[PDB]
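Colleague: Chain residues, written in single-letter form:
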Amino acid sequence: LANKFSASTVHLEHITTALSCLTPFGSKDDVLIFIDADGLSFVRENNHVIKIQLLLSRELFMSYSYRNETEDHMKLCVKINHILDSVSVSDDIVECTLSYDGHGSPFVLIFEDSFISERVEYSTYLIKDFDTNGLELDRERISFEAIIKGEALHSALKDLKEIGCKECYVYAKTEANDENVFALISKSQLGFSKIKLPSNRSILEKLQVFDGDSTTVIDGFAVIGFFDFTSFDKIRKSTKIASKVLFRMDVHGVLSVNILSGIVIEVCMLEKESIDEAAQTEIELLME
Amino acid sequence: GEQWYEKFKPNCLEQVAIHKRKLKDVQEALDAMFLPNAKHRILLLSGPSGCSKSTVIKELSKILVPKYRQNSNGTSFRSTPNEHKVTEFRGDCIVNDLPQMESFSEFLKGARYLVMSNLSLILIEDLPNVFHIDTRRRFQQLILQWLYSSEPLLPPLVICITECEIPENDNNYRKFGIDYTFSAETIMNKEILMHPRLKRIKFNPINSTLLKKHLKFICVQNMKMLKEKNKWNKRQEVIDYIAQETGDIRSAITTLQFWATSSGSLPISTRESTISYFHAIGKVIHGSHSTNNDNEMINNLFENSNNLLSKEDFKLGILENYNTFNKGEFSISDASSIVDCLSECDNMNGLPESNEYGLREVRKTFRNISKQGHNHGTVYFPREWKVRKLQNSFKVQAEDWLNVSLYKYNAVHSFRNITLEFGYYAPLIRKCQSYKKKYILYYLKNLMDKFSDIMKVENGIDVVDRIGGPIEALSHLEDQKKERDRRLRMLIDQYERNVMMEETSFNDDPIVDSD
Amino acid sequence: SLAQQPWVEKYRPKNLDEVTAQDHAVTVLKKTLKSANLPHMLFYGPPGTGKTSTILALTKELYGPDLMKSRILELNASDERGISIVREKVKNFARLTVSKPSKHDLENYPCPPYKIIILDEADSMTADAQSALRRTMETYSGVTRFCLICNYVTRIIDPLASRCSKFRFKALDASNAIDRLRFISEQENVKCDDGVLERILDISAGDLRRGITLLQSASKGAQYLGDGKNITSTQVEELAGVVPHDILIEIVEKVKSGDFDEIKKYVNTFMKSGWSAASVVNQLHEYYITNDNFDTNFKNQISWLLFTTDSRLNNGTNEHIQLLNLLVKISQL
Amino acid sequence: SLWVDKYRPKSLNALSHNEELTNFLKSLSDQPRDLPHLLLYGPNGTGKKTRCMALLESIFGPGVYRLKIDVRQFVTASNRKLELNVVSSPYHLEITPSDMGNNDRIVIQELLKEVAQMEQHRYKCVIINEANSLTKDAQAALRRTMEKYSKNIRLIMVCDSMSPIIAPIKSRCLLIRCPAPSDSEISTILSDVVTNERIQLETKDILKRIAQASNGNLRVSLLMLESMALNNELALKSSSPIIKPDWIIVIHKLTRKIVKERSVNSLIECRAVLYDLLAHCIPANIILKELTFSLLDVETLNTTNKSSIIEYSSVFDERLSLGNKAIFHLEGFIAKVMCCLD
Amino acid sequence: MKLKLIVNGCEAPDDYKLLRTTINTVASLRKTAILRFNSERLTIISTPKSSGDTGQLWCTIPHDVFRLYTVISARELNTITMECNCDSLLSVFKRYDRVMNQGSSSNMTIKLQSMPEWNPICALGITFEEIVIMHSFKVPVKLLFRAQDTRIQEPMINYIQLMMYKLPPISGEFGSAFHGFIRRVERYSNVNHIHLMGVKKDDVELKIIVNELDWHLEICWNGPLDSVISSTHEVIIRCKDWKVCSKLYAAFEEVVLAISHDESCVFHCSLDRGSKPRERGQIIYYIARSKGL
Ligand SMILES: Nc1ncnc2c1ncn2[C@@H]1O[C@H](COP(=O)(O)OP(=O)(O)OP(O)(O)=S)[C@@H](O)[C@H]1O
Ligand SMILES: Nc1ncnc2c1ncn2[C@@H]1O[C@H](COP(=O)(O)OP(=O)(O)OP(O)(O)=S)[C@@H](O)[C@H]1O
Ligand SMILES: Nc1ncnc2c1ncn2[C@@H]1O[C@H](COP(=O)(O)OP(=O)(O)O)[C@@H](O)[C@H]1O
Ligand SMILES: [Mg+2]
Ligand SMILES: [Mg+2]
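Chains as they are written, first to last, in the deposited numbering: chain F, 7 to 95, 100 to 271, 303 to 329; chain A, 63 to 509, 520 to 547, 565 to 590, 598 to 611; chain D, 21 to 353; chain E, 2 to 121, 133 to 354; chain H, 1 to 51, 63 to 129, 151 to 163, 200 to 269, 277 to 304, 403 to 448, 457 to 474.
Isolated chain F, as found in the complex:
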């Protein structure tokens, strides 16, 4: 089309499902959209402590046109009032097309049906001086890394949500004779509860506890990360559609979660400043 960026597709269900992963990050925040020949990137940052980045590949879109040769990518910002529900949708196929013509023009989403035509325009905003890329994982020093099934993690997160979890503990340990331990310990009004994943390959696949270096694997050291459940529960929806989840903790304490379902979601959340003595004692008792 006669626009800088114009995409059109028929697999609206996949786009709606992927975009539904951005609901838990609130409704008073903003969403950054990166437009590039590779595809689309959706970025959200909350409390300067958690960030989510969802990638939509070119192959997903039936037709893609990026005529802004001046810049290799375009940045824009949109307010999340109810945009989650807008891209949500009977028997007849529905064609979804996204249009954007440089800065200063609205982001247009048009749905074409047999007899119904929908068009929605979103105004753009000045890009916040805050850099959403400031939170990232250092690959040189990874405290540990784990691979888990999406269904089990989603069930565990739902269980923690039900009991009104207030604080979360990610506990990782690797020992000899192929002993792998990954647990979530919730501090809530119930007290202290523990959910431990099994050692079966089908659920928990492959684990390292490097101790910081990403080269040498040691056995006996336990990595503990303390998080606010408010940030930890923002990945439950992303995990519901997940087919595989990759967890990574660095020495600095940043948690990285890669969600694979050809749509990839990368989430980074920070660890709490300190651990109380009572919590550490209860963790030790629970793991003995």
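Please note that a few of the clues may not be correct.
To be verified - Here are a few chain F residues that face chain H, going by a calculated C-beta distance under 8 angstroms:
#: 1; residue: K85
#: 2; residue: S94
#: 3; residue: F125
#: 4; residue: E128
As the list claims (entries may be wrong) - Calculated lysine-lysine pairs in the DSSO-like style (CA-CA distance at most 30 angstroms, straight line):
#: 5; chain 1: D; residue 1: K274; chain 2: E; residue 2: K301
#: 6; chain 1: H; residue 1: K49; chain 2: E; residue 2: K114
#: 7; chain 1: F; residue 1: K81; chain 2: D; residue 2: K274
#: 8; chain 1: F; residue 1: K159; chain 2: F; residue 2: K313
#: 9; chain 1: F; residue 1: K85; chain 2: F; residue 2: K204
#: 10; chain 1: H; residue 1: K31; chain 2: A; residue 2: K252
#: 11; chain 1: E; residue 1: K27; chain 2: E; residue 2: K11
To be verified - Derived Cβ-Cβ restraints for the label pairs, each shown as a range:
#: 12; chain 1: D; residue 1: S21; chain 2: H; residue 2: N226; range: 28 to 36 angstroms
#: 13; chain 1: D; residue 1: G278; chain 2: E; residue 2: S275; range: 29 to 37 angstroms
#: 14; chain 1: A; residue 1: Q207; chain 2: E; residue 2: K148; range: 46 to 54 angstroms
#: 15; chain 1: E; residue 1: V87; chain 2: A; residue 2: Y471; range: 15 to 23 angstroms
#: 16; chain 1: E; residue 1: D6; chain 2: H; residue 2: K105; range: 53 to 61 angstroms
#: 17; chain 1: F; residue 1: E131; chain 2: A; residue 2: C155; range: 46 to 54 angstroms
#: 18; chain 1: A; residue 1: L97; chain 2: E; residue 2: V87; range: 32 to 40 angstroms
#: 19; chain 1: A; residue 1: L97; chain 2: H; residue 2: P127; range: 23 to 31 angstroms
#: 20; chain 1: D; residue 1: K50; chain 2: F; residue 2: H113; range: 27 to 35 angstroms
#: 21; chain 1: A; residue 1: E253; chain 2: E; residue 2: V87; range: 32 to 40 angstroms
#: 22; chain 1: H; residue 1: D108; chain 2: A; residue 2: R578; range: 38 to 46 angstroms
#: 23; chain 1: A; residue 1: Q207; chain 2: H; residue 2: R255; range: 56 to 64 angstroms
#: 24; chain 1: E; residue 1: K148; chain 2: D; residue 2: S21; range: 28 to 36 angstroms
#: 25; chain 1: E; residue 1: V87; chain 2: D; residue 2: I105; range: 26 to 34 angstroms
Honestly, the hints are just simulated from the structure, not real lab data.
A virtual CB, placed ideally from N, CA and C, is assigned to each residue, including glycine.
Since chain F is already given, all that's left is putting chains A, D, E and H with the ligands on it; use the hints.
Modeller: Only chains A, D, E and H with the ligands this time, still in chain F's reference frame:
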């Protein structure tokens, strides 16, 4: 380990720190409420903290409930005799399948069943969250339903309200009555308080004699440690201090225990008591005996009773009662100065230092003319509320008159004119016209065109009385509103009939239930 | 609208070129036509000095009819401007990206890279709401510009007055706005005697809106009369509400002959005619101060007396009581 | 029907007093297309509302006098119900926001603006009774509402005092002074009324007394003429007593009491009369003015006492204007007057 | 005063569905409703004025629905006016609906009875069986005075400034598409005031808009829309009113829409019945301008 005020609790009605007259009154009222068909249904006990309301209620229940409780025939829950003389409501109970506001209802709907063989005294000391507006409305509605209920039998209901002030908090910005005072008036409403089936008995702070007696008894009970620590010989003075510092028995016992347990010598202190409205007025007018420096007394009053002194009610009370100093026989210049100061304070947009200025001016003026030979008058609450009620009635009547004029004479007038001239001239004109109409009708009957205008005056609609009543100087609302609504409906019907131009009926044709 | 609008509304300046007596700020506003460097503005001045007209003309000149509807957000007293509104709506509009101009507007209009928020009558805003506007005015200054219009500058908190370039709109008198009124009269074919326009401006006391309304009333009266005679000063004075000089002379004579009964009787008779206390007070001040037949001490006292009575009147006091007290007090002196 | 309303003129030509104002109204109605906003200020009872209705009739025909009433509900910020009886006609509208006290601003924002946005091509006329009773916030809100939508609606306002009107509103409106009728005109009107009513009179001097007891207010003049005629069996004699409003007599008796007894107990007793007068919804300012000018009529007092009385009255009138409660200032005025008299 | 009504769901299912729709609609709008039993038809009224603002609902049901219809009264046309809580009747109707779904030929009997155990206050003795268990319900109700009943009147809509819009049948090929069109706007969180617009020359088209400083929603219809025997007709209405209209459209076939520019919206539903043809029951909903232009 056990605190003394709990360890040394009354074991009988004779050990309760309650005056004989109040105890006898409570006994008589409660005994009356226990009768088969008792006129009174609720006992509302209101008083300060630690005046032995719940204590005396429980002690009297322990004696009364066994007397009237009907004997069972093996229908008791357990083998025990069901020692449940008092059933109390717990405000922090959170059951699973129940909204919070419905908790008290679920209590009351159960409490009704505790009668006859299951007789039990229903005590409500831990109120629900009455600070929540919806919860308070539900509580008031439930109490009204209890009072207006139509069951042959109900159990006695006792509500003990500890009247205390609510300190000015940052998290609260509303300025309702309950946000200022936690008392029966703010929790209940006029209809409940004025109900003929509700009896209200006000408790007083425990007098010094009973406090001294009970403190002496407590000291006598603990004699080994007091003698060992060498505090026996000086106990009396301490007790006296407590007796003249607080009227709260629980606080007094706590302070006595704290003093006794201390190995060294710590100054004796008790909880602070808020100065009442009339006590504050008296402090401002006649001064305080405990202090001679007016500045210190005023600073203490402002720091400890800012909530009471900030309201315009206190200023109005000062204006109303400043004339009772010497029964009014004092220099008019002082009265003029006081009133001028209050008027100028009224222009300071309710700043706290405006109140400071007003109170300090009143105190200084009264101290200047103070003398030993003074006889005082009676302190009265300002009557601004009565003026407001009369104004509301006047507004309702003026609205009714305006509606009548609009729908019967095609005339619209301002309310200001109603207040100024119409409200007096029009009723007089209508009354005299009606009198002349009666005279003409009687003359014609004995024996209209000449005085057709007078013939058009209708007695059933036209107002023939002064709005707000005659000005008696120098020689309720629901009924008026319903009358205005009825007159408006009649006027609308007449206007519609002109435009085109009854329970007796129902009783005359009772329904027919034919199958 | 040529014959179906009030003269004040029909002659509202459309462009900055026709603003009469605000050159000190109109020049600054014009030179930024091609600067892309418009700062935050605080216009303050007495009523009817040409503040709203100036900002409207500026917006029209910079953006034009098509782009004005998208680059301008106007709020006034009639709109609800609580602290929540300032936090949400104003902030959201300020953070918005400027809409892309078309080819025509770019060809014919500067189309600056920033929008405008016009908070007319900002003196009616609460202190907290004004405080909420402080950092928003600064964070999004690269895409948004603020304009606050007021009559009482003191009602604006100091931080906002510091954050905004201040423009004072001077009062318009016979030496600043005679040309505009003469142009309006010429286009309306209004006939009047020499000096009538100057008298109307003087009566307006620094408000061209009042002068235009008075001119319209005088023209209506002349047309109804249908005598083909120039309008004289007497008619404009009578329609303005100025007390006649004869009544002022009689009041002065009553005051000079100190007598409470006579003074109060005459005051009752005068106030039963509907005259405004402000006009008579102003006339008395003029007569007493400009007269050279009185001593310095009497003028010193009467100045304070008149000031106190005028301050009382501005508070919404009973005109009858205040006028009687003023007359009695001057009689005592 | 009340003689005040049943004789209300229904046309500009019918007016028989203040011919200059009638001619000005004729001139205004000559070209009813560019009529600016009007603000009629004048003493109460002059006939300002009658003149406004006559102008509306002369402009938009006789449908204006066919009044209709409706109930318009208002919701405030705190979800509070407000009821304002909206008096509307097919050609004009009437409102009294003063009845809403400090909430009148909402009426300016929700009623006037909504109707102004609606397009009628002619304009609608809106009347605001007791304009001087409007709060400053409402007056401020009226400014841009009037300026922006002058095409659709032209505003008419009525007041007895322009002092409580903010400068912007006076700038935005065309001021019209309404002089009160003189004694002669009131006498002629009363003479016509009595002649048409077939009521008996002895001498015209009685009418003059009726003119004097009112002293400008024609409404009370007619009301008390009717009261006297009915009381005297439709026979007005020279010696027939004049009937005054009850609160007037109460205020005069209070003034006599103040003069007689300058004591604290006298102040306490007068407080009850002040409470009764306020309970009759009598404005505090009018109470103060009437008390002051009844005190100033006492023959016993000398020049100094009267000067002090008027000074205190003005000071306490300002305090009432700036104050919340009214009892303080009235009681202070009475106490200071009594102190000075003693 | 004698009231006796007999209803059978199995016989004449269409009119039973009409009654279900009326009861559900009245119970989904307010707490109490007016029931006028006349010698010819039954009227159900949901109006703010009881014994922009909220809309009004008027349902007319022919007397031929009820197998037995005995309405006797001392008033003109034997009119009986009652005020009844919508929730109680709605619960009884759910009970009857589920009983019928279970499979039974029982008839619902409605009678008016006086209650001395409890503006006279009476009860409705709704009784039906369930295959046997006897189901009985004493629904409280208030008898309304003749004048008070006369006060309530049907709103009148100008027919010169109003243009009717014919909607496709729900059972037609375009019925599902139009239902989806209607429900498009019932899935946005903060949207509360929708903007209906109708453009003449598809002979006519209907659009739904939502304008906001940040959002711009706009839905077009491309199906064949007919006009019942000038192009600018817009009205702003609350989302609850549009949802009620959406639910109403899903039940009836001959649905008609009308927009009185900046004045109001009218939603008319009729149920054709064969025989001349019997009286056509109607459901009319009036919605006032929520905000307006
Ligand atoms: N001789 C005594 N008489 C009364 N109470 C006593 C006595 N000795 C100890 N107490 C205790 O002192 C406390 C005060 O009595 P309460 O009746 O609970 O006070 P209150 O009237 O209920 O005021 P609140 O609302 O509970 S703060 C109770 O815990 C009593 O058991
Ligand atoms: N400088 C001026 N040049 C020409 N006409 C003017 C000027 N100032 C005022 N006017 C006229 O008077 C009217 C007053 O309009 P505004 O500009 O809104 O006055 P204002 O300065 O806003 O007064 P306030 O502060 O809002 S009460 C204009 O519409 C013009 O008709
Ligand atoms: N020119 C006039 N001729 C005869 N009666 C008049 C005239 N002007 C006013 N009135 C009478 O005065 C009465 C009250 O006037 P009103 O409209 O209340 O004056 P205002 O608006 O100043 O209060 C009216 O009922 C009317 O009959
Ligand atoms: Mg207790
Ligand atoms: Mg302005």
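Colleague: Does each hint fit the structure? Answer for all of them.
Modeller: Against the structure, the hints come out as follows:
1. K85: Given a least distance of 6 angstroms, the restraint on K85(F) holds.
2. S94: At about 6 angstroms, which falls below the 8 angstroms cut-off, the nearest Cβ of chain H leaves the hint on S94(F) intact, so it holds.
3. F125: Hint holds; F125(F) Cβ to chain H Cβ min 4 angstroms, cut 8 angstroms.
4. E128: holds, 6 angstroms
5. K274(D) / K301(E): With Cα atoms ~22 angstroms apart, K274(D) and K301(E) stay inside 30 angstroms; holds.
6. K49(H) / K114(E): holds, 27 angstroms
7. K81(F) / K274(D): violated, 81 angstroms
8. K159(F) / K313(F): holds, 26 angstroms
9. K85(F) / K204(F): violated, 38 angstroms
10. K31(H) / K252(A): Status holds; Cα separation ~29 angstroms.
11. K27(E) / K11(E): holds, 14 angstroms
12. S21(D) / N226(H): 28 to 36 angstroms: This hint holds: roughly 30 angstroms between Cβ atoms.
13. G278(D) / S275(E): 29 to 37 angstroms: With Cβ atoms ~32 angstroms apart, the hint holds.
14. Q207(A) / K148(E): 46 to 54 angstroms: At roughly 47 angstroms between Cβ atoms, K148(E) and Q207(A) fall inside 46 to 54 angstroms, so the hint holds.
15. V87(E) / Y471(A): 15 to 23 angstroms: holds, 20 angstroms
16. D6(E) / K105(H): 53 to 61 angstroms: holds, 59 angstroms
17. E131(F) / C155(A): 46 to 54 angstroms: holds, 53 angstroms
18. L97(A) / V87(E): 32 to 40 angstroms: violated, 58 angstroms
19. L97(A) / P127(H): 23 to 31 angstroms: holds, 29 angstroms
20. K50(D) / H113(F): 27 to 35 angstroms: holds, 29 angstroms
21. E253(A) / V87(E): 32 to 40 angstroms: With Cβ atoms ~34 angstroms apart, the hint holds.
22. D108(H) / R578(A): 38 to 46 angstroms: Since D108(H) and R578(A) have Cβ atoms about 40 angstroms apart, the given range 38 to 46 angstroms holds.
23. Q207(A) / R255(H): 56 to 64 angstroms: violated, 43 angstroms
24. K148(E) / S21(D): 28 to 36 angstroms: About 32 angstroms separates the Cβ atoms of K148(E) and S21(D), which means 28 to 36 angstroms holds.
25. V87(E) / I105(D): 26 to 34 angstroms: holds, 28 angstroms
Going through the hint list in order, the structure does not satisfy hints 7, 9, 18, 23.
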